[PDB]
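S.K.: So the chains spell out like this:
There are 2 protein chains.
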Amino acid sequence: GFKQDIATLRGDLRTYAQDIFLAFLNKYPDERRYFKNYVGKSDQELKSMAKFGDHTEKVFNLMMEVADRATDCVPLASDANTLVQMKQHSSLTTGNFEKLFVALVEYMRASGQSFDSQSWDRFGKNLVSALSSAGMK
Amino acid sequence: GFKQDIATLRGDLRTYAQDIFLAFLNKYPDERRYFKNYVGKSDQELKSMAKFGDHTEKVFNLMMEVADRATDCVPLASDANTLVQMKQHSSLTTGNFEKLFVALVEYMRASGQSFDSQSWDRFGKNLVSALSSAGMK
Ligand code: HEM
Ligand code: HEM
Numbered sequence: 002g003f004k005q006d007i008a009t010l011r012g013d014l015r016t017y018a019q020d021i022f023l024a025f026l027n028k029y030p031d032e033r034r035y036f037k038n039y040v041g042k043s044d045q046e047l048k049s050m051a052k053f054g055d056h057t058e059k060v061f062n063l064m065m066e067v068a069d070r071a072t073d074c075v076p077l078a079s080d081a082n083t084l085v086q087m088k089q090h091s092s093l094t095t096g097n098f099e100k101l102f103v104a105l106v107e108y109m110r111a112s113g114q115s116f117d118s119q120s121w122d123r124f125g126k127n128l129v130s131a132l133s134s135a136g137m138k
Numbered sequence: 002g003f004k005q006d007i008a009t010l011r012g013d014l015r016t017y018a019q020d021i022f023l024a025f026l027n028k029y030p031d032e033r034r035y036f037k038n039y040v041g042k043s044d045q046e047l048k049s050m051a052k053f054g055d056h057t058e059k060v061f062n063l064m065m066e067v068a069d070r071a072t073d074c075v076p077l078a079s080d081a082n083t084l085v086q087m088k089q090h091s092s093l094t095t096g097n098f099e100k101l102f103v104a105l106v107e108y109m110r111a112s113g114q115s116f117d118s119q120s121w122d123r124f125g126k127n128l129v130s131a132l133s134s135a136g137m138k
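So the sequence lines, in the order shown, correspond to chains W and P.
Taking the UniProt record's numbering, the leading residue of the first sequence gets 2, the next gets one more, and so forth.
Taking the UniProt record's numbering, the leading residue of the second sequence gets 2, the next gets one more, and so forth.
Incorrect hints may appear among the rest.
Identical copies go unnamed one by one, so any copy, or any two together, can satisfy a pair.
[Said to hold, decoys possible] Mimicking DSS-like on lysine-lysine, the simulated pairs with C-alpha atoms at most 27 Å apart in a straight line are:
1) 4 <-> 88
2) 100 <-> 48
3) 126 <-> 100
4) 4 <-> 37
5) 28 <-> 52
6) 48 <-> 138
Please keep in mind that the hints were generated in silico from the structure rather than gathered at the bench.
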């Protein structure tokens, strides 16, 4: 279930984080504009750039902490507030987060593995609700 | 405290994992015999290897999960059993684990960050006890 999926992802967090983040950019290529240093770089080039593996791992670490603090896939409002208030997220809207979760769920469904994809979709939906409540447009 | 420290480490895991693992190898250089291609290299050479940082991160990803699943610094027996049964750990004894935790605690005490080093000492001793209860020599 969802708690085991947090353990699966955490066990190899850097690999999964890079794979899901690239699935997100490759499904929604216009999102790459937010990461000016990733423009024009192949997947293997990105994995040679310190900030790429460090960015993706730190993003997914925080995602897993939010996921683990949730109850029945409902995240804490304080965690949504952290995400809205980050200076790096100041220009984003909830649709940017929707796209990330659509890509994450698609990745899990296409994976060899028994992720609880439905729970990740519901977690993403509940997180988007919380982001909106916390002020994200 | 210990639970916070798990979050601190996870928030910069590749850096901390490498630094702690290097502290272990430098304190106990003959432990390199269990690994491949580490001898004859300085810290910066190790960090630039293809597999070194990734290995440390997989180790620390799992270590942090074992810490997080613990209650009062007591690991789950099932986590000890997994560590004993891993083929990669087939030749180890509990003394190898004790040395890793001695180096980890020394690193935390010497760091500028406010770790609960005594709880990590206790966790390591409890992990050694659980590894022995699970059959490691
Ligand atoms: C639940 C979802 C998300 C989480 C947990 C998250 C978390 C983070 C974290 C922890 C950082 C800082 C990493 C560091 O210390 O280097 C960061 C930076 C950033 N985030 Fe997010 N993020 C999320 C979603 C998004 C989305 C959907 C976008 C845009 C489409 C985005 C755009 C950015 C940008 C542009 C940065 C700064 C990149 C840089 O400094 O190079 N984030 N995010
Ligand atoms: C709680 C402490 C430890 C944890 C959490 C841990 C975890 C791991 C993990 C996750 C792997 C890799 C599994 C894989 O992806 O293939 C691994 C491999 C390995 N571990 Fe440990 N380990 C610990 C302690 C130790 C100690 C103390 C030693 C020896 C001094 C050691 C020796 C090895 C070796 C030799 C490998 C195989 C490396 C390779 O072939 O690339 N481990 N460990």
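S.K.: Does the structure break any of the earlier hints, and which numbers would those be?
M.R.: As far as the earlier hints go, 4, 6 are violated by this structure, in ascending order.
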